[PDB]
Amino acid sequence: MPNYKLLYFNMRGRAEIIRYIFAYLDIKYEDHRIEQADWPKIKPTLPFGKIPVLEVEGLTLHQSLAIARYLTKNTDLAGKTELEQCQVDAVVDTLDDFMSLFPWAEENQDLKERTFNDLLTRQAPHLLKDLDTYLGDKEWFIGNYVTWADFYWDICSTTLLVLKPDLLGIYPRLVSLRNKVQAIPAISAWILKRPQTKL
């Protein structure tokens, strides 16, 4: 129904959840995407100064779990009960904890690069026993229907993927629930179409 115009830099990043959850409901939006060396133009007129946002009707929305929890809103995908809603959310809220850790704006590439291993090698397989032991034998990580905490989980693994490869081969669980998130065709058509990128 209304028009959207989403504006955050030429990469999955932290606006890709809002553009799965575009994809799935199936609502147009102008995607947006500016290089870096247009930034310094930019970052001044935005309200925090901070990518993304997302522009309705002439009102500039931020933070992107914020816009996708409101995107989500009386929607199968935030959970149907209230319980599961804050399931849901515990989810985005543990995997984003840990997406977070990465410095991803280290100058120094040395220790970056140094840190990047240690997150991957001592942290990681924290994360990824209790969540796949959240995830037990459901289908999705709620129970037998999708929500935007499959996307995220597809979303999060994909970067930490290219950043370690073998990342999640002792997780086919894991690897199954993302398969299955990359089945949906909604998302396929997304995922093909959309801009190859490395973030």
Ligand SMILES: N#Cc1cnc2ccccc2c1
Given for the second form:
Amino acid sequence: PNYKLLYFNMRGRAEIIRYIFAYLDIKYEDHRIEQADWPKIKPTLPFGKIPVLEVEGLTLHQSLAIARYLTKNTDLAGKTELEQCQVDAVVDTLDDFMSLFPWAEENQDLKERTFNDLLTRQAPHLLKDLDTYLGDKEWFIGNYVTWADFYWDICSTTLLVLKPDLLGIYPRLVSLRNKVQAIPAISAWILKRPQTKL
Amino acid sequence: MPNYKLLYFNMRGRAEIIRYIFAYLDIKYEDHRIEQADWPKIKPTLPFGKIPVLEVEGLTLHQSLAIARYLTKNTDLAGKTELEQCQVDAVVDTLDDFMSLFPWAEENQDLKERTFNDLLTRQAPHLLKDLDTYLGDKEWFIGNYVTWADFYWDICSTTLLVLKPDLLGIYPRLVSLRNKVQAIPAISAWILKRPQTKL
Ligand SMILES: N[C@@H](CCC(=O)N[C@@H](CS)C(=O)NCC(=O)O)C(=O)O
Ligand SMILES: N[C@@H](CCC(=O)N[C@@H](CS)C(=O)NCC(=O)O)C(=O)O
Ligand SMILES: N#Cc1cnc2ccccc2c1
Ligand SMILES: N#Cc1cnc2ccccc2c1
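Got the form solved without the named molecule; any chance of the form deposited with the named molecule bound too?
Following is the full complex, with the preceding chain placed first.
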């Protein structure tokens, strides 16, 4: 099965797919485009957004729809429907938070006040809730890794670029990052991947 | 006895996808609707402090689309194949992305208005054109059977029509899809009895 991933040269919304491909040892083409390439490409995609994943000539879209697809019938999804629900919900909670950042905002001044608010006022509420949900479990769902844990590593990696001191009082969430990053396939991907800010 | 209690505001909003699925699958639930002024008493009781949630034997499930997808598992509503389930999820996410751009809770009523009007007059046409192109001449988004993506279009389009009643004038196939969803007997009976709210 030929897999062609297309995104910008960053971790961003494609990175969850990249982790899953790494974890499952599935070969794929990691196609990256420059900002100035994008207007020519945007009209050629069904919903004019990236990432997209081409699978056997079919173009799939929506980072989380694709990630979920790739984890189907694996433990990464959650082993039961109830667990799948919790896994999906943690991912969506994280994605909701990351989606508040005004990434394309041109007013640099406004972007900065909003970012600072997200990182200093709002993030502690989210982090507290993630910490309370993880509790003393090894992984978000309990005793096995899911793509929610991947997504926490991914989101926290960007959050830490933006605010390096953010996880001061959440040792459990730092342990979870560390557990994800020590998974041999993930560790090899992290070492290997292009070094981008986002 | 195990039962389902849905907690949300007295709105369609993000709970309505769950309500359609429950109606369609004939799943019994308590449709608990929170007045805005009571919300701050309830927020502390929910693990992630947001609604909707579904309270079930022990657990509190959260995230509208996580819950919706859970209720469709092993059901044709999900999509019949893994691939189709991906397409279903993706359409739902595209609609959710767009409804999520609206600054629903914005205090600055002048800003709120400019953003709503920009979304409805500038951005919406691109999304509608893409959804219409995706649907093409198919009976339903996925092909020949209804999925929760079609339900989610009915729901999103209902609120979008409240905000801009002429939004769908040039997209007859998207109107047709709303009509087909609304004509499903369990959906039609739910629409008939649901509380009349703006959102
Ligand atoms: N929820 C979607 C969001 C897709 C999205 O908006 N992607 C951005 C890049 S992070 C994009 O396509 N930007 C270009 C544009 O909007 O034209 C997903 O996760 O795939
Ligand atoms: N993506 C989440 C969003 C949940 C959300 O933010 N819900 C709003 C109401 S539409 C809420 O809980 N607002 C009250 C608050 O944040 O205190 C979902 O679909 O459940
Ligand atoms: N630029 C950018 C960007 C946009 N959305 C994201 C969502 C989740 C994680 C990282 C993200 C980065
Ligand atoms: N207030 C509000 C509100 C109403 N309807 C929604 C539909 C989809 C997503 C978010 C929504 C928020």
